[PDB]
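One chain comes next, on its own, written out as structure tokens in the form solved without the ligand.
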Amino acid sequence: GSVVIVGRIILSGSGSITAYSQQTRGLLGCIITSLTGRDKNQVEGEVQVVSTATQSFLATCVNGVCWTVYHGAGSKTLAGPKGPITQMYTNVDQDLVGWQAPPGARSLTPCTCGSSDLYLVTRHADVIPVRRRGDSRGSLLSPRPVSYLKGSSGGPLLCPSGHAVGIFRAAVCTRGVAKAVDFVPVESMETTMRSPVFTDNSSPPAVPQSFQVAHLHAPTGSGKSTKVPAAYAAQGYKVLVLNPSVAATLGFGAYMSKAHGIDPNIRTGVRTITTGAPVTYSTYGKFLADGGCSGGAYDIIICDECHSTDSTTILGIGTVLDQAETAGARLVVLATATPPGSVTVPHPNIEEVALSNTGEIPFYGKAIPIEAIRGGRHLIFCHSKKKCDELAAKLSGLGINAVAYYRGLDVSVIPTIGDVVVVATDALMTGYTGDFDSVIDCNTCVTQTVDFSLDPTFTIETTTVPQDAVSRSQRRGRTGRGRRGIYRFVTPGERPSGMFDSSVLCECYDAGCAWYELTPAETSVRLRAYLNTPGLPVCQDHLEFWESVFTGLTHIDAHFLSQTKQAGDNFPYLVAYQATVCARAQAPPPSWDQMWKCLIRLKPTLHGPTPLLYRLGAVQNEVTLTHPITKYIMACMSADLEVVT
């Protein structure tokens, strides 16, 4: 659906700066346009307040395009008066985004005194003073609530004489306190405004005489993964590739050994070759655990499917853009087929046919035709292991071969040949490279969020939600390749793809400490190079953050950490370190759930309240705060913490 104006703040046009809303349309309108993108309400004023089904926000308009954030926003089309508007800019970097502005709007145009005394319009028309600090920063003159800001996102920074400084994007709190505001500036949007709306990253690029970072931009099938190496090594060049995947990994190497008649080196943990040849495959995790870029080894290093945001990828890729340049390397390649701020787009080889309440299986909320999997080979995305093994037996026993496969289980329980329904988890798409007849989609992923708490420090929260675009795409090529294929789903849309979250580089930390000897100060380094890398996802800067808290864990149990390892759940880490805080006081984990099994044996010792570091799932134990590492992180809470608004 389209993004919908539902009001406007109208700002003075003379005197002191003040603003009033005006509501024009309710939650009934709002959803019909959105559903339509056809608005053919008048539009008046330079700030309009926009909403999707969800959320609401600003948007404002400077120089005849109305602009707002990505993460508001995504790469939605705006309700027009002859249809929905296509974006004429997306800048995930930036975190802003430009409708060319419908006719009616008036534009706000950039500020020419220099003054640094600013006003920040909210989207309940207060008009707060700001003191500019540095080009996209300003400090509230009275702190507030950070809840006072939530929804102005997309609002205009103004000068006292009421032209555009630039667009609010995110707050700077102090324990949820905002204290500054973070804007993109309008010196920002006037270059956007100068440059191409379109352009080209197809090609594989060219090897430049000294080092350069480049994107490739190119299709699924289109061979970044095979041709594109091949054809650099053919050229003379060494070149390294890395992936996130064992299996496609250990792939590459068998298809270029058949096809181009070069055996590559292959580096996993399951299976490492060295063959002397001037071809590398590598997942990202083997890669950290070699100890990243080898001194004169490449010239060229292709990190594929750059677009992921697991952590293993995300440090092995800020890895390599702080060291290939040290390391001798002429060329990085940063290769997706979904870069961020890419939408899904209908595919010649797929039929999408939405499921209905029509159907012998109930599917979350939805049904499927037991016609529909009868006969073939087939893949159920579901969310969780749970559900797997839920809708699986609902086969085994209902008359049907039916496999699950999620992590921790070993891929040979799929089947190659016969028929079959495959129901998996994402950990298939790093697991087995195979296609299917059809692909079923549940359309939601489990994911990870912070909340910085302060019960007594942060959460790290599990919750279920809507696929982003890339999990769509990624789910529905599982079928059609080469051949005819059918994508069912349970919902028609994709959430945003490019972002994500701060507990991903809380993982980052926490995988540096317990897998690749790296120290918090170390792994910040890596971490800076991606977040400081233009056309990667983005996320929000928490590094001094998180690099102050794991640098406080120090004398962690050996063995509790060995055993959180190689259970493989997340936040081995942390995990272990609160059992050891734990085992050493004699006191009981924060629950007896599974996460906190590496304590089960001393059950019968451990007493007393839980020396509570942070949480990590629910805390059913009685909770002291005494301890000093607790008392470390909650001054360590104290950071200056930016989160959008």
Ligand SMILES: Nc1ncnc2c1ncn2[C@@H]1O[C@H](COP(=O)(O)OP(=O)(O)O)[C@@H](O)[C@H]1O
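Now the other one: the form solved in complex with the ligand, given that the block above is the form solved without the ligand.
Lone chain follows.
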């Protein structure tokens, strides 16, 4: 649904800068209006209070455009008189979007006077003094809990003259206490306005004279992973294609000989072939395992499915971007059907049909009619492996040839031909072509988030949430590949695309330490290359923080670590490190969940409270919070952390 103006902040004209709020619609009008996308209300002033169904924040008009933050508004339309107003500008790199100001809105005039005394207008219509520190930073004169600033994203920072310097996007905190603010400067709005609104990256980049990074954006099934590298090779170039998917990589190996007359090298855990062809497909993981870029090996490196924000992909792409030019590559291509800021749009091959409550098979609050999957080939996405197992069993019991597939199973369990219903997690979301007549989508997924909970340190949490627009379009894209297909779904919405959580950064340091022999400093170099590259998914810059954390986790127990690596569960390094600290203290793990099995053999010798370093799951045992490592991580958390408001 649409973002909706629900009120305004009225700014003083004369003298000291003051503000007050006017509210213009309640909840009922908000929702109704969010749907029709038709808002008949007269808009006034320059600072609007805007609301989605779930969140509320600000928007500031400058130069005839109503500006706000991407992290708040996504790519959403703004409700307007004639109906929904699509964003004119969507700049994910700058966390900035804009709609053409509706009639009645007035614009603030840009501040061009280099005044460093600033005033931030909050959603509560407070005006708080801020000292400008940099192009996009200013310190607060009196610090405040972040909770106070929450909902003031999009609000103006003003000069003493009432001219706008930029809009508020983020707080810089010390353990939950905001001490500085980060803003999108008015000049970024200016740059945006004199740049193309349309960027059709649908053609393969030309191979440049000197090193360049370029983007390739075209719909699922169009040929990005197959036709494009084959055409580069046919022109005499050596090409490495990196994909996050084992299943897809193996698929290219079987497909490319007959499809494009090229029998590529293949590099994965279960299958490494050297044919000597000028095309190589590898996973990001295997690429990392082999040590990254080899000097002079490739002309073109394709970072394929670069919408993937699993830690292996992030670290893999950062490695390419840090090493490619030195390694003699002429071109890095960042290829994806669903770039940051994209929304799901109609696919020419794909008919979409909502599930209803009618059907024999209960599916995420709706139902699947048995006749929809009785014959033919179908892929059904479930959010968890457990649901996959359960659904597969149910269907099998109904005489349907069903097979579950997810992380830790072998690709071979999927039959390549004949009738089948594959019930999968996002292990099959990206890259893969399984010849499916249809996809059925639960529209939910699992995600991890870090919370700086100070209890004593941080928490990594797992929750199931609505899918974003990358997931919806990629899951949908598993059908309609070279032919017609069907997409059935439970719910119609999607979260905005192109953002990922700080926990993934934590995951990258972990993997660098556990699997790829990278010092934390080495990982930072690779991740910094990723973050410095425009057009990729974005994340809060917590590199210094995470580096400091892992840098202090020295002398892990090699035995426990090999075990956590072997069992293949999340944060093998953080888990083995907590276990290490436990063992050396003869103390029990936080709980006796499966997470802590590397410790089971010591169970009768472990007593008293757990020296808790951080929280990776439920903690059932008593804890003590004064282990030297705990104190070190607490100290790490004293550094500035930028968090969104």
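Residue numbers count along the first chain shown, from 1. So that the term is clear: the rigid core is the largest set of C-alpha atoms that superpose within 1.5 Å between two forms.
K.L.:
After fitting the rigid core, tell me which of 343, 529, 127, 367 has its Cα displaced by at least 2 Å between the two forms.
P.N.:
Comparing both forms, the shifted residue turns out to be 367.
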